[PDB]
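Only one chain is given next, in structure tokens, and it is the form deposited in one PDB entry.
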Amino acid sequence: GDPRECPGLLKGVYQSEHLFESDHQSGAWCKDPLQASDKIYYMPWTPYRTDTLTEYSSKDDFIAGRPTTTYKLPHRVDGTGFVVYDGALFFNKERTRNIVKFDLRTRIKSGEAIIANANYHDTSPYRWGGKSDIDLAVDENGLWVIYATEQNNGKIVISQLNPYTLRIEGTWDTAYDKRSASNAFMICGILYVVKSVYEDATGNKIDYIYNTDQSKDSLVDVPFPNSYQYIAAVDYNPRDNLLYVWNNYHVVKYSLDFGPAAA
């Protein structure tokens, strides 16, 4: 329950909850780990038209399809990588390497930042495409962005981001080709990269980690659930230690098992 206290090193992933089946194959959904109330944020992926964030006040309202409000965003969005963090939405602005910060209480853009040298707009997406080139992540250490650069030969680059000034605080080059990954997420400043089968590499697992505290990386093999064969989003929540997943129209949550932490 403490979103700033490291739960350890991830050892296992388990299907936990199946909520419902969206009308869109891909999208993302999440909760805000710095928000006391049980609000849910929802953004289906619609090519060339993704410009809204929907908010639900409970899981029941979410499953019933009963929004509390819809936010009309000031720009269109590329991909499924948005997060909500202390009452602000962060998203990749369509056909840019920029992150926009949009305050939900006032519905005004409060910041924008360039993610230096990031590939964008279906240049280094995750394997399914969808302009998923730039992926935001929140964890116990703060706000991150997961992307690729040509300086790093298309392999994943991680930056830590200041959530109020939107300035990059640190950058790490990984060894993992971003387009080969299905998705990825951060826990305790460690990047976990998912490989999985798509309906149209026979393994479903986390096969690589990059530890930003140590700047050290390694191969791993943690089985990763993939019932529907179309993972479009994987978002970790440090408040409840769950994964918020969008897989082949299915909105589901995965529980996690941890062992002693790394440095």
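Positions refer to the first chain, counted from 1. What we label the rigid core is the largest C-alpha set whose atoms superpose within 1.5 Å from one form to the other. What changes on going to the form deposited in another entry:
Just one of 117, 123, 180, 110 moves its Cα by 2 Å or more between the two forms on a rigid core overlay, and this residue is 123. Annotation: Cα of residue 68 displaced by less than 2 Å between the two forms, core superposition. If you fit the rigid core between the two forms, you'll see the Cα of residue 229 move by 2 angstroms or more.
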The other form holds:
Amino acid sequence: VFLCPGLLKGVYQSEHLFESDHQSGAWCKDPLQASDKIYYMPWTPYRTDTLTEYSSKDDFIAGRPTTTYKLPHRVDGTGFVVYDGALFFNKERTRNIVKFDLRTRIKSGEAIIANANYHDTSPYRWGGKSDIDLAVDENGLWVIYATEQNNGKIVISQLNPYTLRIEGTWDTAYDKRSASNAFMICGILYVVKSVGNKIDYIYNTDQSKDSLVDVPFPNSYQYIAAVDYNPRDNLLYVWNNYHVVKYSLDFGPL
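Okay, that was the form deposited in one PDB entry. Show me the form deposited in another entry next.
No partner chains or extra molecules come along with it, only the chain itself.
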């Protein structure tokens, strides 16, 4: 139902919402619902198992939550998405995605992402990245991971949010270790790298074709940031070194 905005060509911060008391975390809306609801999950290393819900941006900024959800498992890293009333997250130190129904507060499904690497981060690196990242876009729900079969390079799969069937899988050429964030727009994978920071690689799943690109991120962006795209409003939902902000996006023709 969402029309593709085009090929991403620019990124800039467009709203500062508040400074959180947690350095890292993730936040997002449910793009499949016409709703002001906001979902918020601060990252506490190896202890993350609650989701907070706010009814509006005003309530969010003011710190007036509606409710909290106690998740049935702990979450790996910062990642989660909400898609048509269901929460999806990577179960801590597994290659599993959990589906949790928010309305009834119970787990409705799990899917093992075949061959996905997990619990394999070098001792030295910041542990806030999820082994399997989730992303929502115009085309549906996505998992972004790596496999040994693809030499630690990023693999993309489309996941049906209702049946949990894998609908397609693509091997990219990009080493997952080199990425700070990855997100989908119109079925195209954008990968953010350190240089400053920029998108330097895209993978178009419709075409099964990748390219090198150069889209600078703001200087204030850090590696430890969490970034999620929203296809309903075409914004990036960002959590960056305590700061809860949105980025706006400029597009050119596909």
